[PDB]
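K.L.:
Build out the structure end to end from the sequences listed, making use of the hints.
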Amino acid sequence: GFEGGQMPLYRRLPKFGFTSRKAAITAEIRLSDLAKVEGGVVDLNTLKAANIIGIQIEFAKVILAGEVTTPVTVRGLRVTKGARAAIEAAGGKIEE
Amino acid sequence: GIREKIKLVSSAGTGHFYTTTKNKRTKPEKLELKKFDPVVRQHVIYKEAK
Amino acid sequence: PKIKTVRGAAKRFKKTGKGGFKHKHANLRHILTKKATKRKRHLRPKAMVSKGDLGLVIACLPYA
Amino acid sequence: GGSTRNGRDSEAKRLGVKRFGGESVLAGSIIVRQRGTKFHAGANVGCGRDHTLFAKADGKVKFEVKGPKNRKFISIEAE
RNA sequence: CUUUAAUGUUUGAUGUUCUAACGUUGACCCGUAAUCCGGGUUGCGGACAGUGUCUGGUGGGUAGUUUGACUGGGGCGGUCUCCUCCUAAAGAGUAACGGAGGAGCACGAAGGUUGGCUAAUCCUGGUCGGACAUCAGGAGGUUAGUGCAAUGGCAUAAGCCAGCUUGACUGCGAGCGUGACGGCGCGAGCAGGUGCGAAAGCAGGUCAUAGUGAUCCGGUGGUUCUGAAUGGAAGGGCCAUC
RNA sequence: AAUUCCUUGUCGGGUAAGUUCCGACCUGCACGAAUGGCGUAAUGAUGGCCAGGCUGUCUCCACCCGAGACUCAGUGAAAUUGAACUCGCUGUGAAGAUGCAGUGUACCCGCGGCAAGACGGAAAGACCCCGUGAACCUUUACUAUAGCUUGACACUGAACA
RNA sequence: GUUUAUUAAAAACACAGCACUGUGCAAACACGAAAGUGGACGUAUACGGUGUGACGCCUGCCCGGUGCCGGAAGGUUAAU
RNA sequence: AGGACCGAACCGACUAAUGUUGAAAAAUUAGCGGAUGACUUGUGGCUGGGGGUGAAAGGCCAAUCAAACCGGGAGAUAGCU
RNA sequence: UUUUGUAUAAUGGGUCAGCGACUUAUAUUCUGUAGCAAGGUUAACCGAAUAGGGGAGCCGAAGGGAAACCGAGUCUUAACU
RNA sequence: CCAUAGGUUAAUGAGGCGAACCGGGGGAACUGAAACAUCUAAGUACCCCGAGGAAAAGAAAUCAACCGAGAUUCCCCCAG
Numbered sequence: 049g050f051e052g053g054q055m056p057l058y059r060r061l062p063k064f065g066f067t068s069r070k071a072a073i074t075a076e077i078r079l080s081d082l083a084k085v086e087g088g089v090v091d092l093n094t095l096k097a098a099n100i101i102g103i104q105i106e107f108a109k110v111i112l113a114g115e116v117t118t119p120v121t122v123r124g125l126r127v128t129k130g131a132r133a134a135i136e137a138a139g140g141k142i143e144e
Numbered sequence: 003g004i005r006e007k008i009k010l011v012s013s014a015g016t017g018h019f020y021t022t023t024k025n026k027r028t029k030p031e032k033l034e035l036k037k038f039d040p041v042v043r044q045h046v047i048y049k050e051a052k
Numbered sequence: 001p002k003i004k005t006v007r008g009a010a011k012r013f014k015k016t017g018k019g020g021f022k023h024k025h026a027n028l029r030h031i032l033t034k035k036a037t038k039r040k041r042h043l044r045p046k047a048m049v050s051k052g053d054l055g056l057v058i059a060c061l062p063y064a
Numbered sequence: 006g007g008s009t010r011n012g013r014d015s016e017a018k019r020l021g022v023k024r025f026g027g028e029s030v031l032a033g034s035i036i037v038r039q040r041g042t043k044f045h046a047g048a049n050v051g052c053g054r055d056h057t058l059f060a061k062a063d064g065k066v067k068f069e070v071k072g073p074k075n076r077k078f079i080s081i082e083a084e
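Protein chains in written order, with the authors' numbering: chain BL, 49 to 144; chain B1, 3 to 52; chain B3, 1 to 64; chain BW, 6 to 84.
Note that these hints are calculated values from the structure, not bench results.
Backbone N, C-alpha and C define an ideal beta-carbon position, used for all residues, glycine too.
Where hints are given, some of them may not hold.
[What the hints assert, rightly or not] Computed from the model, here is a short list of chain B3 residues facing chain BL with C-beta under 8 Å:
id, residue
1, 8
2, 9
3, 11
4, 12
5, 23
6, 24
7, 26
8, 29
9, 56
10, 57
11, 60
[Said to hold, decoys possible] Derived DSSO-like pairs (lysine-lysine); straight-line CA-CA distance at most 27 Å:
id, chain 1, residue 1, chain 2, residue 2
12, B3, 15, BL, 109
13, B3, 24, BL, 63
14, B1, 29, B3, 35
15, BL, 63, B3, 46
16, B3, 40, BL, 63
17, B3, 35, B1, 36
18, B3, 38, BW, 61
19, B3, 35, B1, 49
20, BL, 63, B3, 4
21, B3, 11, BL, 63
22, BL, 109, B3, 14
23, BL, 63, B3, 22
24, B3, 40, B1, 7
25, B1, 24, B3, 34
26, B1, 24, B3, 35
27, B3, 34, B1, 26
28, BL, 70, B3, 4
29, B3, 40, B1, 52
30, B3, 40, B1, 24
31, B3, 34, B1, 37
32, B1, 32, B3, 35
33, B3, 34, BL, 63
34, BL, 63, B3, 15
P.N.:
In structure tokens, the structure reads:
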């Protein structure tokens with residue numbers, strides 16, 4: 049970022065530090081992939097076995113992407129008003 | 003110099019306030035004026051200078 | 001070796017849904033006694049780096 | 006001593022000439038405190054604090070050989 | 001409310017009395033006829049030193065580094081930002097230790113608005129009373145005035161005679177001007193509430209351009225935005241801000 | 001005046017004349033009393049002027065004896081070396097030409113002797129400036145700190161006024 | 001006499017004498033990642049630091065600045 | 001008795017001239033100062049690197065020292081030739 | 001070789017021959033090229049050990065917001081804009 | 001005096017030198033911050049005492065977070 053001295057732009061901009069501090073415990077899944085669950089249930093305990101992201105997850109969230117191929121059964125998770133309706137239209141269940 | 007800048011607050015003591023400079027040797031009356039509140043959407047006296 | 005992320009940039013610039021990096025405007029914190037709202041409110045919409053100015057952070061954010 | 010300083014030029018030059026303007030808003034001919042030497046009309050009467058001749062409309066200058074006495078009364082017009 | 005002393009008592013300090021901490025800058029004897037001093041025995045001094053750590057002060061005995069750029073040697077003197085003026089060759093641009101002046105603030109009025117006004121000066125006549133300071137006439141006047149330069153404009157006054165008062169406000173804004181950039185200049189108009197006016201209409205400060213200063217660091221007004229077991233708290237962030 | 005612009009102060013001594021030496025006078029721009037004031041004796045590998053001596057130092061050089069230089073033999077180094085058909089005078093010119101524009105003058109290789117040049121041979125110029133170069137030195141810059149010193153905690157005890 | 005072995009040997013400094021100031025002896029003072037030693041097997045006519053120059057004729061005024069001592073009227077002051 | 005004389009040994013380095021790969025890195029030639037005192041000199045030992053020695057010159061400490069000889073830090077550092 | 005200009009009283013060069021100065025590892029943009037493809041890929045390691053296994057973990061498939069939060073939409077806004 | 005220091009016999013250990021790794025203790029400047037002062041250089045270079053086939057580390061007075069992990073060490077990741 050050196051520009052001949054003359055106080056460079058990366059020092060004239062303000063400092064930040066406050067962040068959401070939860071990415072290492074928060075998993076993000078989308079209805080366009082790993083959403084058939086092979087007849088099983090979508091749950092935080094089975095996500096920790098689904099060959100994805102590992103065991104340190106404390107929160108799992110869902111986003112509405114693509115279309116829902118199965119009458120999927122979900123227990124818990126943080127799920128949008130759209131994702132709850134895209135699964136309803138496919139014959140699925142959301143347990144909370 | 004060194005007069006210290008004035009702070010003017012409404013009677014609710016809220017975190018929205020005006021800041022200005024005033025001459026120390028003229029007009030010793032308290033600086034107060036009637037102006038708007040950004041949440042209550044009404045005119046109030048802003049006062050309590052020094 | 002891995003190369004480090006530069007704190008000069010990683011406490012200044014953020015990533016978005018478009019190529020480049022998004023930042024705040026300065027001249028909004030220190031002594032506002034002579035700054036009317038028409039010279040404060042308008043300093044909050046944020047701006048981007050995206051030209052020959054991006055080639056100055058291309059080794060500052062090597063993992064963004 | 007005192008010299009040369011002179012600081013900022015601050016522009017204040019002409020623009021509202023011939024057939025200038027188009028797809029975007031024009032600032033018109035700007036001057037340094039002389040109020041009559043390049044006078045205005047229509048959408049570009051402006052003169053907020055610096056004699057800029059600004060508008061809510063876009064187009065070219067009409068730039069006509071008419072206007073009260075020595076004043077030019079310059080305006081922009083739709084095509 | 002007081003000015004304060006003594007009986008009793010706690011103690012800094014000072015003296016005295018004593019040996020329990022401690023010096024050995026005392027001595028003899030053993031090692032050993034070792035001019036050392038380890039041991040052994042006995043004195044002297046004694047809570048004084050000595051030994052460790054803390055604290056204020058004095059401070060090259062000892063240590064390291066800094067001490068600018070522009071100009072026809074170097075320095076001195078001048079200058080370094082903002083405003084203004086001449087140089088710029090009749091488009092844009094620009095050089096000269098080439099030529100000259102201001103600002104680094106002030107006003108809740110020198111701001112907003114409704115209703116009115118126009119000034120400087122000289123000559124004569126007349127009063128103490130003015131090169132002229134109150135008046136009438138005859139001439140003359142952006143040769144007066146703006147909170148302050150310099151330049152420009154002002155009476156459809158932006159200059160000043162009165163009245164009533166904060167639009168010197170919060171969120172939003174098509175955009176346009178300048179400079180390589182940061183930065184800097186101007187802005188139609190909405191919604192909310194306010195000011196002046198019968199009303200039209202006007203006001204988001206000061207006729208227009210100067211009274212400046214990014215980020216860091218720290219501080220203050222508000223706050224279910226956050227807050228590493230949980231729940232408060234401390235500190236952040238957002239919004240106001242020094 | 002090892003202090004002073006004007007200075008060779010100025011009067012006088014010394015001299016054929018004397019910015020130099022002395023006696024004296026004191027506008028010491030800005031001497032002066034123990035970082036003393038000022039003078040003698042005695043001393044010095046000590047400062048300056050005058051005079052007698054010495055004499056080829058000088059006036060004006062010349063012989064007399066020897067050493068090297070000179071000519072070889074034997075043994076045989078040193079710094080330098082763009083290329084060398086490197087001659088005047090004038091012009092031009094990285095603005096003072098051996099060589100190019102003009103016009104003149106030289107047998108070649110040596111050889112004792114000279115040194116006006118070749119901006120000769122030897123120094124990674126000293127001079128003056130320049131560099132947020134380097135290192136020491138000073139201090140009424142800046143930041144650190146021993147030594148010494150003030151009070152104190154603790155080893156560290158008993159009591160009376 | 002001594003100083004610049006090599007561009008200087010001269011007027012520097014040494015030095016009988018004169019004067020100040022610290023020091024009572026586990027002296028003052030010095031060297032130390034410290035015991036140990038030096039001062040001194042001495043003892044205020046002794047030792048440390050230092051200005052002035054044999055002997056003579058003599059030796060003005062200033063404590064306003066800085067340094068050091070002596071003091072307690074006032075401003076101000078640490079650990080704890 | 002003499003930091004007494006005149007003057008060799010012994011010491012000196014004031015001065016000129018010949019030197020400057022010279023027989024020579026202080027020697028040569030010719031003057032020329034001192035010479036019983038702060039004189040002169042052998043052999044052994046002592047004082048060490050920020051530390052010595054010095055009647056104190058950036059002089060002396062193995063032809064260097066206002067900071068030496070031998071190695072390492074190291075391929076220090078040139079907005080530069 | 002190099003400095004408005006160089007036959008330049010600028011600079012270098014006695015000579016013949018050896019030797020003599022840009023390397024890959026970490027990250028990335030632009031370019032070529034290749035396998036798979038909404039997926040792509042293994043590291044260390046194990047392996048009769050250039051096959052094969054190993055999917056840890058990374059890169060990608062969703063954005064708006066300081067963050068809570070919302071999400072094919074979203075922040076600020078009374079937002080109704 | 002009792003003892004201990006010295007004297008004495010038997011047993012067991014230490015003593016000097018090597019290549020690197022390694023344990024504890026001492027420890028720069030130049031350098032990186034395009035200058036420099038906290039920071040960095042660097043607990044390196046170098047020195048001192050010393051140990052083993054390794055040394056160091058270990059079978060929790062650690063982390064976690066309502067769900068539990070669970071001796072130590074090195075390689076690839078978590079992660080620049």
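K.L.:
It remains to establish, for every hint, whether it holds in the given structure.
P.N.:
Comparing the hints with the structure gives:
Evaluation of the residue 8 (chain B3) hint against chain BL yields a held restraint, the C-beta minimum of about 5 Å falling below 8 Å. Nearest Cβ of chain BL to the Cβ of residue 9 (chain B3): about 6 Å, under the 8 Å cut. The hint holds. Below 8 Å, beta-carbon pairs count as interface contacts, and residue 11 (chain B3) has one with chain BL at about 5 Å; its hint therefore holds. A least Cβ separation of about 5 Å between residue 12 (chain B3) and chain BL falls short of the 8 Å threshold, and the interface hint therefore holds.
Below 8 Å, beta-carbon pairs count as interface contacts, and residue 23 (chain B3) has one with chain BL at about 5 Å; its hint therefore holds. With a cut of 8 Å, the hint placing residue 24 (chain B3) at the interface with chain BL holds, because the nearest CB-to-CB distance is about 5 Å. Using the Cβ-Cβ criterion of 8 Å, the hint placing residue 26 (chain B3) at the interface with chain BL is satisfied: the shortest such distance is roughly 5 Å. Using the Cβ-Cβ criterion of 8 Å, the hint placing residue 29 (chain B3) at the interface with chain BL is satisfied: the shortest such distance is roughly 7 Å.
At its closest, the beta carbon of residue 56 (chain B3) sits 5 Å from a beta carbon of chain BL; the interface hint therefore holds under the 8 Å criterion. Because the closest C-beta pair between residue 57 (chain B3) and chain BL is about 7 Å apart, less than 8 Å, the hint holds. Satisfaction of the interface hint for residue 60 (chain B3) is found here, the shortest Cβ-Cβ separation to chain BL being roughly 7 Å, below the 8 Å cut-off. Taking the CA atoms of residue 15 (chain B3) and residue 109 (chain BL), the gap is about 21 Å. The hint holds against a cut of 27 Å.
Straight-line distance between C-alpha atoms of residue 24 (chain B3) and residue 63 (chain BL) comes to about 9 Å, which keeps the hinted pair within the 27 Å bound. At roughly 25 Å between alpha-carbon atoms, residue 29 (chain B1) and residue 35 (chain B3) fall within 27 Å of each other, so this suggested pair holds. Distance hint between residue 63 (chain BL) and residue 46 (chain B3) is fulfilled; the C-alpha atoms sit about 14 Å from each other, no more than 27 Å. Pair hint residue 40 (chain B3) plus residue 63 (chain BL) holds up; C-alpha atoms about 18 Å apart against a cutoff of 27 Å.
The hinted pair formed by residue 35 (chain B3) and residue 36 (chain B1) meets the criterion: a straight-line CA distance of about 20 Å does not exceed 27 Å. At most 27 Å may separate the alpha-carbon atoms for a hinted pair to count; residue 38 (chain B3) and residue 61 (chain BW) meet this at roughly 20 Å. Between residue 35 (chain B3) and residue 49 (chain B1) the alpha-carbon distance is near 20 Å, which keeps this suggested pair within the 27 Å criterion. A distance of roughly 19 Å separates the Cα atoms of residue 63 (chain BL) and residue 4 (chain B3); the hinted pair therefore holds under the 27 Å criterion.
As the CA atoms of residue 11 (chain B3) and residue 63 (chain BL) are separated by approximately 6 Å, the hinted pair is consistent with the 27 Å bound. A C-alpha spacing of about 23 Å is found between residue 109 (chain BL) and residue 14 (chain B3), which places the hinted pair at or below 27 Å, so the restraint holds. Taking the CA atoms of residue 63 (chain BL) and residue 22 (chain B3), the gap is about 13 Å. The hint holds against a cut of 27 Å. A distance of roughly 19 Å separates the Cα atoms of residue 40 (chain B3) and residue 7 (chain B1); the hinted pair therefore holds under the 27 Å criterion.
Note on residue 24 (chain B1) and residue 34 (chain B3): the hinted pairing holds, with a Cα-Cα distance of about 13 Å set against a maximum of 27 Å. With a C-alpha separation of about 17 Å, the suggested pairing of residue 24 (chain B1) with residue 35 (chain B3) holds against the 27 Å cut-off. A hinted pair counts as satisfied when its Cα atoms are at most 27 Å apart, and residue 34 (chain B3) with residue 26 (chain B1) qualifies at roughly 19 Å. Taken as a hint, the residue 70 (chain BL) and residue 4 (chain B3) pair is honoured in the structure, with Cα atoms around 22 Å apart against an allowance of 27 Å.
A C-alpha spacing of about 25 Å is found between residue 40 (chain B3) and residue 52 (chain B1), which places the hinted pair at or below 27 Å, so the restraint holds. Only pairs whose Cα atoms come within 27 Å are accepted, and residue 40 (chain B3) paired with residue 24 (chain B1) is accepted, the gap being roughly 23 Å. In summary, the hint linking residue 34 (chain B3) to residue 37 (chain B1) is supported, as the alpha carbons are separated by about 18 Å, within the 27 Å threshold. Between residue 32 (chain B1) and residue 35 (chain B3), the direct Cα distance comes to roughly 23 Å. Compliance with the 27 Å bound is thereby established for this hinted pair.
Between the alpha carbons of residue 34 (chain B3) and residue 63 (chain BL) the distance comes to roughly 23 Å, so the proposed pair stays at or under 27 Å and holds. Simply put, residue 63 (chain BL) and residue 15 (chain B3) have alpha-carbon atoms about 15 Å apart, close enough for the 27 Å limit, and the pair holds.
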